[PDB]
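> What follows is the residue order along each chain.
There are 2 protein chains.
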Amino acid sequence: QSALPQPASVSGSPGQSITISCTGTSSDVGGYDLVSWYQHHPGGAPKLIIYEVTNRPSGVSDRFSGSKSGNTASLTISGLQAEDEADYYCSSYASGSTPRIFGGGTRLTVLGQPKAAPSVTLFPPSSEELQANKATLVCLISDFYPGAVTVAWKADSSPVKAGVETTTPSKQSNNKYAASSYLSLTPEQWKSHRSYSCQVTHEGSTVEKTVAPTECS
Amino acid sequence: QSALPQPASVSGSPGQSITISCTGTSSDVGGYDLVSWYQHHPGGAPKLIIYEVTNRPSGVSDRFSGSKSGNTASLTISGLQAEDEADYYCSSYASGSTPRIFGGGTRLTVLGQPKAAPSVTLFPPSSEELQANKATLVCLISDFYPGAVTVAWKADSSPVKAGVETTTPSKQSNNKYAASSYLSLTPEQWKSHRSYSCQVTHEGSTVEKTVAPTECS
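Sequence order for the protein chains is B and A.
So the first sequence is residues 1 to 217, counted in the entry's author numbering.
So the second sequence is residues 1 to 217, counted in the entry's author numbering.
If you are wondering where the hints come from, they were derived from the structure by calculation, not from laboratory data.
Okay, derived cross-link-like pairs now, DSSO-like style, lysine-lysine, Cα gap no bigger than 27 Å in a straight line:
1. B:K134 <-> A:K171
2. B:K161 <-> A:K176
3. B:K191 <-> A:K134
4. A:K47 <-> A:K171
5. A:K154 <-> A:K209
6. B:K171 <-> B:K115
7. A:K191 <-> B:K209
8. A:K209 <-> A:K115
9. B:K209 <-> A:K134
10. A:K68 <-> A:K47
11. A:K47 <-> B:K68
12. A:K134 <-> A:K161
13. A:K154 <-> A:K191
14. B:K134 <-> A:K115
Under 10 Å between C-beta atoms, here's a sample of chain B residues computed to sit facing chain A:
15. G44
16. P57
17. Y89
18. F102
19. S173
20. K209
21. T210
Per the computed footprint, the stretches of chain A lying under chain B, defined by three or more beta-carbons under 8 Å from a beta-carbon of chain B, are:
22. 54-61
23. 102-108
Even for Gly, the Cβ is constructed at its ideal location relative to N, Cα and C.
Given these sequences and hints, build the entire structure.
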């Protein structure tokens, strides 16, 4: 059955208030008082936050409330908090054969959250990695907001992008983002050049950390 | 409410059958014959495929079926096909504050190529980083399929969770996945132990990589 149309996404700021709509028809949202809403943080389990149009399970913040008018239902969130950032869905009892149809979901981004520069950390090819005749440098970028980051490499004060590989900013528990830039090199080209560096640029600023061939007894 | 735990990840090949479980209590799964299963493709709307434990709404193939025994419910998909690949959730009616509790979901992977065991590489704290009174270990996981892994860290045969951040696996060019996990530590904790080890599990198979403070003798 065709889903209940919902805004693909919405954005707000801490303390603000947002409304997410769920468009139904006289056969569902508008035919009964059985509309539910779910909050779902990807990776986690969906959570029932509203049922029977306006019922809010105990344990669910009063900042959330639901309602409907005609064939459209809405979920309103007040005093937006960073933790409200998640996906939200609606569903309704239907007059057809389907016992319950669902909305297509709405991703709610909570902006305004504090900014922060990344704490890049450069690693030299490990001992074992060198065994398999391999050598890769790791530029660990962590605790930064937004997930906006651009990285470059220098081979003895000379830009070299032959072997660069950066990951897509994965979010973390501390809510800040993290990513790693790899430089798949040769145990040959590493034990040759003097020192490799990593230049991470986050929101205008730019940080650098260099590492050179390490050897011991 | 506490999520009804279900397997994080399961895989199957075209034509085979797979079974996913949902664990609950006498207050929910056990207390009613109101278990549901939903199929959800990321980006799309959740689709109800099983309700009332074993009931199947119209339009839904006979390949899907549910059942329960005590406090554990189960979904079975037979004659697997590429399209069945998605996140699956269960839910049950419940007594108490919230009317319906949901499971954490299970990502099903219908094998479309041979499985690739993960290649793991562990990096020790750089001397440079150590100076700044910081200690970070990086664990790299590459070329694995299905794209799911769990990562754990140990200190001389003992668990660790503080400072443990692990990324989401991302699909690579070669159609296989990668991921990484780092562990923040104090140069003390580092030197304080004989060694730390990274444990990666893929499809039940677990491999380890260990590192020791000892750099020079």
